[PDB]
Amino acid sequence: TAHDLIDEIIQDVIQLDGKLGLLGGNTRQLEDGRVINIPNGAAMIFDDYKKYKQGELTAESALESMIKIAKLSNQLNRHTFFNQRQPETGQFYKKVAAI
Amino acid sequence: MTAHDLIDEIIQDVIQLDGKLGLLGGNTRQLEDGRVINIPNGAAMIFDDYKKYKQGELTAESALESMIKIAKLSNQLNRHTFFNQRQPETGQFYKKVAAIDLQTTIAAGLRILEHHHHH
Ligand SMILES: O=P(O)(O)O[C@@H]1[C@H](O)[C@H](OP(=O)(O)O)[C@@H](O)[C@H](O)[C@H]1O
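As you go down the protein sequences, you meet chains B and A in turn. For the first sequence, the authors' numbering begins at 528 and goes up steadily by one. Taken in order, the second sequence gives residues 527 to 634, 641 to 651; the numbers are from the authors' numbering.
No lab work stands behind these hints, which were simulated from the structure alone. Keep in mind that a hint or two might mislead.
[As the list claims (entries may be wrong)] Reference excerpt, derived from the structure (chain A facing chain B, CB under 10 Å, subset only):
| hint | residue |
| --- | --- |
| 1 | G551 |
| 2 | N553 |
| 3 | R555 |
| 4 | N567 |
| 5 | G568 |
| 6 | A570 |
| 7 | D574 |
| 8 | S600 |
| 9 | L603 |
All C-beta atoms, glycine included, are put in the ideal place defined by N, C-alpha and C.
Put together the whole structure using the sequences plus the hints.
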C-alpha cells in the first residue's frame, strides 16, 4: 500500500535519531511524545508525513515529494568535517530515492 | 556597514584562505567566476550561508547570525594546542569574525563585542 510504504519510511527516519555530525540537527516531536533530532532531508520528509496524517496531502502526493526530497539529498555531498552525513543517513536517502 | 556589505567583506576574507592550512582537512568551493578554492571547514560553512543568502533562502541578518556562530565555535577549537600554532591565517580569520557585534553594527562602522578579558 502507498499508506504502508509511508509508515515504512518514517520508521527509518525514527532510527536516524541522533545520527548527526558535530553541528546541525532538526527537532521533531512524535505522537508518542518522544523528541528526535534528525538530518535536514529526513526532517523535510517527516514534515510531509505530518501533512499527510493531517489530511493536507494524499498518500500518493506525499510519497512523491518524499522521494523527490531523497533524490536531491542523495546528490548533496557538500558536507564539511563539522557537519558530516552519517552512513546510516546515506543509505536511507539511497533506499528511498530508489522507489 | 549594511548587512549586505558586511557579508561581502567576510567572504573576501574567506577567499584569501584558499590553500591555507586546515588541519582537519579542506573543502572545495567554486566562485561565481568559476574559480575553485580549497578552504577549511568553518570557512566552508560560512561560504554556504553566503550562497543561501544569494539564492534568497536567508536574510542578510539571518546569514550573518549563523556565520558568526560558526566563527565562534571555530575560534574556540582553534585555541587548542593541536591547532593554535600551525594554522595562523585560519586563526586570524575566525578571530576577526567571532568578534563582530552584529546587532550593534546594524544599529549605526564595524562594531565589536565588548567583554572582559583576564589579559
Ligand atoms: O545543518 P547542518 O549543520 O549541515 O547539519 C548536518 C545536516 O543536518 C545533514 O543533513 P543531510 O543528511 O540531509 O544533508 C546531516 O546528515 C548531518 O549529520 C548534519 O551534521
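Okay, the hints, checked on the actual structure:
{"no.": "1", "hint": "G551", "in the structure": "holds (6 Å)"}
{"no.": "2", "hint": "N553", "in the structure": "holds (5 Å)"}
{"no.": "3", "hint": "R555", "in the structure": "holds (8 Å)"}
{"no.": "4", "hint": "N567", "in the structure": "holds (4 Å)"}
{"no.": "5", "hint": "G568", "in the structure": "holds (7 Å)"}
{"no.": "6", "hint": "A570", "in the structure": "holds (5 Å)"}
{"no.": "7", "hint": "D574", "in the structure": "holds (7 Å)"}
{"no.": "8", "hint": "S600", "in the structure": "holds (8 Å)"}
{"no.": "9", "hint": "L603", "in the structure": "holds (9 Å)"}
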